[PDB]
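A.B. asks: One letter stands for each residue in the lines below.
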Amino acid sequence: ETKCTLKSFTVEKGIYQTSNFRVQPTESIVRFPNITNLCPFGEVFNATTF
Amino acid sequence: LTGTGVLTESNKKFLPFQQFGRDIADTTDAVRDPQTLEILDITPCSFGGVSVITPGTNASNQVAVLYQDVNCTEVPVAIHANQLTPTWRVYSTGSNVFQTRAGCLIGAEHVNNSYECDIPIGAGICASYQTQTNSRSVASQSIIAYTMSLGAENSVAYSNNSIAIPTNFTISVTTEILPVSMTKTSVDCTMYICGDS
Amino acid sequence: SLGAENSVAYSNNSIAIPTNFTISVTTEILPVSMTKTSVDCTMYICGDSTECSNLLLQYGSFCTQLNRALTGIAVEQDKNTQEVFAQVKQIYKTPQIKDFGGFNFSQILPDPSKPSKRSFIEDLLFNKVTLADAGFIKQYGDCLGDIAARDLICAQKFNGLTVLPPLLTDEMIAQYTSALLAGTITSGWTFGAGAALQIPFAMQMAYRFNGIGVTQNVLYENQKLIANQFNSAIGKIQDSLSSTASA
Amino acid sequence: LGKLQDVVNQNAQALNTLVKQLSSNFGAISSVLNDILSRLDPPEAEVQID
Amino acid sequence: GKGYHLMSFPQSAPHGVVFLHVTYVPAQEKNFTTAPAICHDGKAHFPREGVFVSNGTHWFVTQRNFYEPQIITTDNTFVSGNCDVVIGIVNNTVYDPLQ
Ligand SMILES: *[C@@H]1O[C@H](CO)[C@@H](O[C@@H]2O[C@H](CO)[C@@H](O)[C@H](O)[C@H]2NC(C)=O)[C@H](O)[C@H]1NC(C)=O
Ligand SMILES: *[C@@H]1O[C@H](CO)[C@@H](O[C@@H]2O[C@H](CO)[C@@H](O)[C@H](O)[C@H]2NC(C)=O)[C@H](O)[C@H]1NC(C)=O
Ligand SMILES: *[C@@H]1O[C@H](CO)[C@@H](O[C@@H]2O[C@H](CO)[C@@H](O)[C@H](O)[C@H]2NC(C)=O)[C@H](O)[C@H]1NC(C)=O
Ligand SMILES: *[C@@H]1O[C@H](CO)[C@@H](O[C@@H]2O[C@H](CO)[C@@H](O)[C@H](O)[C@H]2NC(C)=O)[C@H](O)[C@H]1NC(C)=O
Ligand SMILES: *[C@@H]1O[C@H](CO)[C@@H](O[C@@H]2O[C@H](CO)[C@@H](O)[C@H](O)[C@H]2NC(C)=O)[C@H](O)[C@H]1NC(C)=O
Ligand SMILES: *[C@@H]1O[C@H](CO)[C@@H](O[C@@H]2O[C@H](CO)[C@@H](O)[C@H](O)[C@H]2NC(C)=O)[C@H](O)[C@H]1NC(C)=O
Ligand SMILES: *[C@@H]1O[C@H](CO)[C@@H](O)[C@H](O)[C@H]1NC(C)=O
Ligand SMILES: *[C@@H]1O[C@H](CO)[C@@H](O)[C@H](O)[C@H]1NC(C)=O
Ligand SMILES: *[C@@H]1O[C@H](CO)[C@@H](O)[C@H](O)[C@H]1NC(C)=O
Ligand SMILES: *[C@@H]1O[C@H](CO)[C@@H](O)[C@H](O)[C@H]1NC(C)=O
Ligand SMILES: *[C@@H]1O[C@H](CO)[C@@H](O)[C@H](O)[C@H]1NC(C)=O
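So the protein lines, in turn, are chains X, D, P, U and H. All the letters of the first sequence, read from the start, carry residue numbers 298 to 347 under the deposited numbering. All the letters of the second sequence, read from the start, carry residue numbers 546 to 742 under the deposited numbering. All the letters of the third sequence, read from the start, carry residue numbers 694 to 940 under the deposited numbering. All the letters of the fourth sequence, read from the start, carry residue numbers 941 to 990 under the deposited numbering. All the letters of the fifth sequence, read from the start, carry residue numbers 1040 to 1138 under the deposited numbering.
So that you can see chain X by itself, here it is in the shape it has in the complex:
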């Protein structure tokens, strides 16, 4: 990570404030409300007249 945060394969003596390269998100979650109801698209787009 120290090599990457300053972009070099050779790192000399000292202290270095590295960037964030350790943790990568691996799981995705989705939370949507309980609706389970469709629009009247068939009652609107298939109307007798507009």
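Hints in this document: simulated from the structure, not taken from any laboratory. Hints are supplied without guarantee of correctness; some may be wrong.
[What the hints assert, rightly or not] Example chain P residues on the side facing chain X (calculated, C-beta under 10 angstroms, incomplete): (1) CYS734; (2) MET736; (3) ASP741; (4) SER754; (5) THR757; (6) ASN760; (7) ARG761; (8) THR764; (9) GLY885.
Positions of the beta carbon are idealized from the N, C-alpha and C atoms, including for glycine.
Given the coordinates of chain X, work out where chains D, P, U and H with the ligands should sit on it, guided by the hints.
C.D. replies: Chains D, P, U and H with the ligands only, in chain X's frame:
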């Protein structure tokens, strides 16, 4: 509303119609779960306080880690060691659990000596790569984290009646370097930001 | 108001000579360092998102020098603190016999009563300055847990805006100040050029008077009022610093 | 030699950056003026050039 | 330099200068007993361009930064008022030329 982070239960107070709450500068940090109506809290999946102390690649491969302003009890919680590689988890806990006033310093052992500072670390503490391998039995050259030597202590013996006078002087020649100029440069208008076109 | 007007009365033959002097102690403050800071590359300008990470990698590699510049600044600060208080490497312990003439020096010297070696005036100056930034340790646990409303320190820490601590502890600077004080009150000014050479404080005062042009027999003929004036000046400095709270 | 060397290095380093930063896309499709001029017509390549 | 300054020498360097400072840097200190004044014949007899330094049962005037003992003459010291004032004055015979 999508985003990356770490969720956690929280005691935040939300208005009945409110759905999310932002940070100081337009950063949604506490969302409300729609399926349970309970309040969650989003913390960034990034803790930037990690300072790596190295003796140089062409001197060794061991390194020390300094997490900023944390105890050595929350470091696996802070950096999420459970989601990290085993090599990183080695630098999370262990035997070298030295704690300083600028976060603790897993990776390097602490000594009671007062050697002169080699690599500054934080408030008072320094570190150095020492060839203790001969001193510490069969172990290897290692990184140590001492406290700085404040020069050397001395006594004057005032005594309220005493004069001190030199008898033999020592002419000394000292070198002091000072930069007086820097390499002047010039830049072309078009040939840099447009080349030739 | 252009100050106050005054007349001198030249008269072409007239000598004005003082008869009674008034030792004065004046305070002058000087900043020697500033709070070093560091900033993370992606945490600020993309938060936490892989898509913005890709777009930043494609956009450029600016931060590679930005942090560098800030890094240099940090180093500079340390050097400043290491250049003002570390003039002499030798530490001189406070004298064990407190008979520096009529001078008392009971407030400039370190105070053994307090666990910290912060003398008296140093602690008063610590209390006068209201350090409101993230100087006190704002641990990550405070930001994560036991939180009710957002504060700016947590936002700074979360957006990568970290603040490094100074290399030298305030106790360490106190030790330097105590060493320099002991050297300048016991050895005069010899330790600034060679070793510590004992000078009785009356002899040092005579040295300094001879330096400023006023020959000896002015200190020695009457030094009790000189020490009384110095003690009164120290007391006035303490009172002004503890009352005004504006210096 | 210390600081006497350092300043020189600094200057050189700055110049090197001023070259190595010519490869930054800055939001354009490609950080190569010739490639944009050869791939896109003036009216559409103008925004990338700006 | 560190000690008392004597002279300096400049040397050219790449985009810079190097100063060689020559300094005194006294050493080999010895600590003796001392007094601010000697009350001789009821006179303070303060030292002039020097300090009083006493060996075993002796007294001398010497320069501040070097050990150059000298006998207590009337040219090495000057008087100023009765010595009851001086605090710590050690009385001694103040030798005199012209005698
Ligand atoms: C929304 O629907 C989910 C189911 O999809 C509900 O979750 C269930 O809650 C009951 C009671 O706590 C549990 O016994 C079930 O095991 C849960 N199932 C799942 C899959 O979560 C949720 O309570 C509903 N919320 C609202 C507000 O209606
Ligand atoms: C100056 O005189 C003193 C008094 O005898 C010599 O001894 C020192 O006394 C002080 C105070 O008790 C101690 O702290 C020192 O440790 C003593 N000497 C040492 C260096 O051990 C002192 O040696 C004299 N200075 C000289 C000869 O340079
Ligand atoms: C000697 O000092 C006295 C102090 O009063 C001088 O008198 C004052 O001089 C100033 C400047 O000319 C005037 O503004 C004051 O009004 C004077 N006051 C008095 C009381 O006379 C005096 O001038 C000085 N010596 C001389 C003669 O010049
Ligand atoms: C020198 O300073 C010390 C500082 O403690 C003085 O001691 C204190 O004096 C006050 C009165 O002025 C007392 O109320 C305190 O109880 C004293 N404390 C101690 C620790 O002694 C001392 O009096 C001063 N001496 C002078 C005036 O030179
Ligand atoms: C020089 O000034 C000082 C300061 O006022 C004089 O000392 C004062 O003398 C009076 C009368 O004895 C006292 O009431 C004050 O308390 C003293 N103050 C101090 C701080 O000493 C001194 O007498 C003056 N000397 C001359 C020659 O003018
Ligand atoms: C040396 O100093 C001491 C202390 O002051 C002198 O002792 C007294 O001196 C006064 C003034 O000469 C006399 O009136 C007393 O009778 C002395 N008493 C003692 C204790 O002897 C001493 O006389 C001085 N001697 C020299 C060399 O002048
Ligand atoms: C590493 O150091 C050694 C000894 O100075 C040297 O011989 C070698 O060429 C160096 N290699 C690297 C990686 O710079
Ligand atoms: C220093 O010594 C103390 C006991 O005097 C001990 O408790 C501490 O662990 C030591 N620290 C080291 C060896 O780093
Ligand atoms: C660290 O430990 C100290 C000592 O118990 C405590 O006061 C402080 O709150 C702790 N900080 C964290 C973040 O756990
Ligand atoms: C004078 O000083 C020298 C050097 O310290 C010493 O050897 C000699 O005995 C002293 N003589 C006296 C007591 O005057
Ligand atoms: C301290 O020195 C002064 C100098 O005048 C003297 O009067 C006093 O008696 C001395 N006291 C001690 C502690 O020897």
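A.B. asks: Confirm or reject each hint.
C.D. replies: Going through the hints against the structure:
Given hint, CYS734/P at the interface with chain X, holds; its Cβ is 5 angstroms from that chain's nearest Cβ, closer than 10 angstroms. The interface hint given for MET736/P holds, since its Cβ lies 6 angstroms from the closest Cβ of chain X, which is under the 10 angstroms cut-off. For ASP741/P, the interface hint holds, the least distance from its beta-carbon to any beta-carbon of chain X being 8 angstroms, beneath 10 angstroms. The restraint placing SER754/P at the interface with chain X holds, with a minimum CB-CB distance near 7 angstroms, inside the 10 angstroms limit.
Of the supplied interface hints, the one on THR757/P holds, with its beta-carbon coming within about 6 angstroms of a beta-carbon of chain X, less than 10 angstroms. About 7 angstroms separates the beta-carbon of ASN760/P from the nearest beta-carbon of chain X, less than 10 angstroms, and the hint is met. Interface hint status for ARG761/P: upheld, as the beta-carbon distance to the closest one in chain X is roughly 8 angstroms, under 10 angstroms. Hint status for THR764/P relative to chain X: holds, with the closest Cβ pair at about 7 angstroms, below 10 angstroms.
Because the beta carbon of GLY885/P sits about 33 angstroms from the nearest beta carbon in chain X, more than 10 angstroms, this interface hint is broken.
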